[PDB]
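This document starts with one chain, in the form deposited in one PDB entry, laid out as structure tokens.
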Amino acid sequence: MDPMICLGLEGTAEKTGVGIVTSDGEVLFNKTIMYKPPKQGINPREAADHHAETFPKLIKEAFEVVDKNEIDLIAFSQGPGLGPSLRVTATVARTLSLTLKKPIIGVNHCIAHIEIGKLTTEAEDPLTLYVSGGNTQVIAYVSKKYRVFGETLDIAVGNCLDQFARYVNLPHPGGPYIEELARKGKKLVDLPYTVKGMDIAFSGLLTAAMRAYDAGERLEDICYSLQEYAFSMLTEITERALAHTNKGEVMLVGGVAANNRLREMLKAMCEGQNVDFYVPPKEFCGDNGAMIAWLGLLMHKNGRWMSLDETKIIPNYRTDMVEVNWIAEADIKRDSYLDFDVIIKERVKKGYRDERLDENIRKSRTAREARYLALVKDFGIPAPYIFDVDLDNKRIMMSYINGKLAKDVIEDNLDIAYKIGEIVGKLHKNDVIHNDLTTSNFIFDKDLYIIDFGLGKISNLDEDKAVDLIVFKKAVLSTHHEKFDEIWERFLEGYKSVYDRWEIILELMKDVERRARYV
């Protein structure tokens, strides 16, 4: 009876997975079967239907390998994920607990992906990029909790690819086909690169890929481009998260981790930053039951229970919500005369990306930034003065603001959350979207100074102003959790002072934020 053994169910998404694991970290059993969608016409089916048909076939096999009387705990994926899939998973898990007369534990699918990462790889405290069909977020364990530092703002990357494959009439799963076509591509088609803070968005990209297809661009080139852009965007936010959580290893996780290109771009990045890079073996990388079981053990082994009424599925289970109980883009230089001071900001090259992309990202952000830092004094917003610019070398000569970063003084002086709101309000009052609102991008002296503008854009759309505010919101929630409530409240106070339409877009935030799981 030494090794306590647990049976876990995975069913958050499109994969039916059953796992048996022992508290000693031994995987006695682990098989998963995927949903194969029927024609999207009439006579519809859903993954839930697949789970209902598949779970008991898998459980039979499991009981043929180990004695059901030997299993001591049953665990299941409580969320996040598809509601109808969660419910079949839960109902099957509950039936097992009741007839085996054994305890049951609901487990967070996301932090289960990473825990078997640690168990199954030489990682121990990684910044982990989790990508799949329904999920894409950057997670790290900080301050006693698993937290999101970067996530998609709309669809997951897996879904971006899946929809594109469908559009261009590739069979399911189309991922492998896009990855092969991309290898034969050579032109880097014009597509939108969309990073905002540490988050990203794939919708515009997907659409532009579609329009490029309609315009008669070579399928191979579109595929190559789709991948380069999406994967670069994902490598960038992981890079930013890395410099932000101060971790020394990165772990890639999820079905999309199967993509070699993504794996290699991600390894280059980690090699550049001298950090370790781990990927679990295929069978623990994509959705699987073993990870559910192992995390199940972790929490129960450390003493935590669940009444059948506590086993309600949580479609939007956030990583924050889980009680844990088992544990740079720009070189800046300062030049001085005996009284005058200048700083030069160089956007250095990123080896991991296609040099063509790298050239456009560095030049355009540099040009934008220069142009925007200038334009914004017209609105009464302190910023550095722009002395000169050298776009060939990706450099800016600007004035020097002596002071601490907002990120470093905001919690012990919440007033400066107000000033940030004032200058954002002034921004949106004037149609400028600053797509990187964080507390690392303002410097506080007497007034408050804005010091980044590389992702700027002119726009009168409310969706864009709304997203602007969510990126700020989300960033505050991850890096200033101890004081989040208050900083946002005062951020809105400042915003309200200046921009009279604040209410319209604040409400618009909600409808955009509901790019979550149904129910």
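Under this definition, the rigid core comprises the largest set of C-alpha atoms superposing within 1.5 Å between the forms. Residue numbers count along the first chain shown, from 1. What changes on going to the form deposited in another entry:
Compared between these two forms on the core, the listed residues 101, 333, 144, 312 keep their C-alpha shifts below 2 Å, save 333. In a rigid-core overlay of the protein, residue 440 has its C-alpha displaced by at least 2 Å between these two forms. With the core held fixed, residue 53 shows a CA shift below 2 Å between these two forms. Here residue 385 counts as shifted, since its C-alpha moves by at least 2 Å between these two forms after the core is aligned.
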Given for the second form:
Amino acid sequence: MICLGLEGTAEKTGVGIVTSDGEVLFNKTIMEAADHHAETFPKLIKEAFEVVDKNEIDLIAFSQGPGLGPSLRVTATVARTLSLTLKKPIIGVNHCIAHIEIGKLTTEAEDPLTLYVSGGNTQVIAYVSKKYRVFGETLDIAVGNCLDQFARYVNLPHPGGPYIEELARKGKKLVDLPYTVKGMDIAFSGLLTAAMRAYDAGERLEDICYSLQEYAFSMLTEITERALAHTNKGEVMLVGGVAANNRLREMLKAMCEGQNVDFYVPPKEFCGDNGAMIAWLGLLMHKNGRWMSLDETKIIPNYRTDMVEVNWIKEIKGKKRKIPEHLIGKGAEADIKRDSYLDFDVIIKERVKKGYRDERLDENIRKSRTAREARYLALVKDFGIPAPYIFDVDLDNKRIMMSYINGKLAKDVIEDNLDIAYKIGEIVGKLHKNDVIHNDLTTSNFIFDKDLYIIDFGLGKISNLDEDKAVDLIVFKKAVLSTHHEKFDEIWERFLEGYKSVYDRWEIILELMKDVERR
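Switch from the form deposited in one PDB entry to the form deposited in another entry and print that structure.
Here you get just the chain by itself.
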């Protein structure tokens, strides 16, 4: 069995041929643009057909999604046509899984937590409980896009990636940009606009680039690291056109090294768009029992990775991590000592260095995060929300001395006692009622003594936009799903009631919530 693949979901259009052996017999790729696809698709198909012959192809596979609406219609048309013009089977393929899969083949990684970054995508995905599941992602635009968009504005040539990274190697000043991480996801729009205005403010180009890099990349690495720990994967992989970046690679390895997990990037040929990744995943799904009707290859630009029935893995899942008990923070945000002060049981909380990041950024990140945590932990007392008392804060050392709350954290009780989901609701409501935003709502954030306390506020912002309050709930929703999956519908339908009894504007934000969960 041997297959031909057609790739063209945006700018590039590529085609390739792979054996069942995993041998790339041919793979080529040249750079609306949907016209530019049908323009050169047949040019490539010819060139392929020189090196391998038409009548020995057994499958056609094509990139079914996710992707750019119009330009997907074209690629599908080309492949739909050519399948019949050979009287041979055709199957549709998930773009993202193809990336992760051709990685597996050409790095001898066997099962990674993979970061997929490019112009149109920014996802961390891992094969967990039978399906290819998404862990953290961009809430607005892909790093690839954020970069290009900045490149154009600053008038650099377009595929903006390489140029920003060049100029970045000359950069001395680390300029102030937002670091926005919302739970397990990230946003870029801010970062982007804030680079734009800094350019405007006459910061020097080299400095802006360096900083837009360090920022963006750091975000991705935190988002990746976080995700890693909701896994026992022993290996991280990095796929997509943005993987070309040496500095991103650089960061990631450091994070990886410092978490005892080996790190993979696949060869240029299979790193960005290409027909050969499409050929393989087709060949892989088909080899093991998937056939597809001509009616079943309808285009879907929204294609999640869970939408696909993984039937090509059955083997030993490679190299895994061991998850011990109360065992120390190897790559943890905080170091927590227990202590006494004025005969009060007390916590000293320190935000340690993160070895992968640039020290300047690191010093700012842990500096900002502790201050904010002191700011809001105290502030939030004015709204009747039980919280530890801030006894002392220390910005040169990133230390906070605060009250010790004896009890169990929501996570360990919430399932059996549902009232505990309600009390979370009420706090969030009270936060939202006061235009205060937690950016990391989770059941490990709250401790229950006689009442329920927030114990973390490291990423709080004051904002009064309904949008921010809706994504607040969306981070918590995902948290509840990822850690209390089986008892979700209960916990969520109860949490809402706690938020109901407390915020009047609840519908306007719950309605806006159901809006974002579709964009």
